[PDB]
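Chemist: Could you build the full structure based on these sequences and the hints that come with them?
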Amino acid sequence: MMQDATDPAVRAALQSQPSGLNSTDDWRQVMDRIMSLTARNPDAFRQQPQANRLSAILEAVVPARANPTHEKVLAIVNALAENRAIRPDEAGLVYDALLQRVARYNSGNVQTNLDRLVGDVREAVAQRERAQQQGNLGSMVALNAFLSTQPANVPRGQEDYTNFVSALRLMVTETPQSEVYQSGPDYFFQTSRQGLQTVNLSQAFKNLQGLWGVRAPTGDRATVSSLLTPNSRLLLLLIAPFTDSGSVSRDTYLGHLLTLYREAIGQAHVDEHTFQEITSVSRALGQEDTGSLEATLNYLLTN
Amino acid sequence: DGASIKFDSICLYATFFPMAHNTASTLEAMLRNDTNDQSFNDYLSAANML
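These protein sequence lines are chains A and B, in that order.
full-length UniProt numbering applies: residue 1 is where the first sequence begins, and numbers increase by one.
full-length UniProt numbering applies: residue 604 is where the second sequence begins, and numbers increase by one.
Please note: incorrect hints may appear among the correct ones.
As the list claims (entries may be wrong) - Stretch by stretch, here's where chain B covers chain A in the computed footprint (C-beta under 8 Å, at least three residues): (1) 15 to 23; (2) 85 to 91.
Claimed, not checked - Only part of the chain B face toward chain A is listed, based on derived beta-carbon distances under 7 Å: (3) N625; (4) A632; (5) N636; (6) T638.
Keep in mind the hints are simulated off the structure, nothing from the lab.
Just so it is clear, CB atoms sit at the ideal spot from N, CA and C, and this is done for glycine as well.
Modeler: Given below as structure tokens:
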């Protein structure tokens, strides 16, 4: 089990308010401790020195108003650090700039809002932290711009593309984390990893609009399908762990190559379980076994 | 007997630690509150009479 982002209203409380005994806030906890009612040891208040004994009585029986503002205003500014509304080095300015703002306006209806906004801003950290795990929000809106600009449902050659419409939508829903459909240049493009080692254009996909339905030769790479760019080829291998059945595997490469993209993944996860064993058995071989990779090469070439 | 001292421009040589600028803005939180305050006294905290 794991925690959510360390509670932003509590992190700032951790650094300000008393830890052990706040005699006013934890009143019936000190009162329980002084009445010899605590289950740990009853006479923990009796065996204590007489002077600090009296300090517990004066503070608990007469509750003293402790300063609450600096654990409320800091609760906003540290949430401003976790929601990233300010930079971490900005904690010197905004903490006091708003304290100087409430120095001028201590006593309007604004601070009655402020503590209600404290509960709102602390929840906004918890809302966004669960929302950044699903980076769908900066992805689906971007795909809405892709679906509108690109002409949808126009394969007047042959139609297998209706299945492909949902295939791109499945990539948004299944993996959301680093999967951002960034619109930097006017061509749309999707990143798969946190460092973006396969971020091809979804407008390199515009090469497929004339190749949505053509004739198939035989079983070896086609006499025509050499036109398919390694840019668009990178996309079609990336949608392959998402959609398989739907596109016709016998009419054009939209389906025949998509089934063949599963052959690339099908070998990969087998060889993953192959490599994790031969590398693990290095005590009995005592060599840099590149034959683990050479057999992997042999299991792809000699078929 | 016969002695005199003359003074020029007096200075201050303040030295602190080159703190990490992320930490130098965030470690203040202990002294930013009135809960904990750097309290000091003489060991001979005494008062006399002549």
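Chemist: The structure should be examined with respect to each hint, and the outcome stated for every one.
Modeler: Status of the hints after comparison with the structure:
no.: 1; hint: 15 to 23; verdict: holds (count 4)
no.: 2; hint: 85 to 91; verdict: holds (count 4)
no.: 3; hint: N625; verdict: 5 Å, holds
no.: 4; hint: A632; verdict: 4 Å, holds
no.: 5; hint: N636; verdict: 4 Å, holds
no.: 6; hint: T638; verdict: 6 Å, holds
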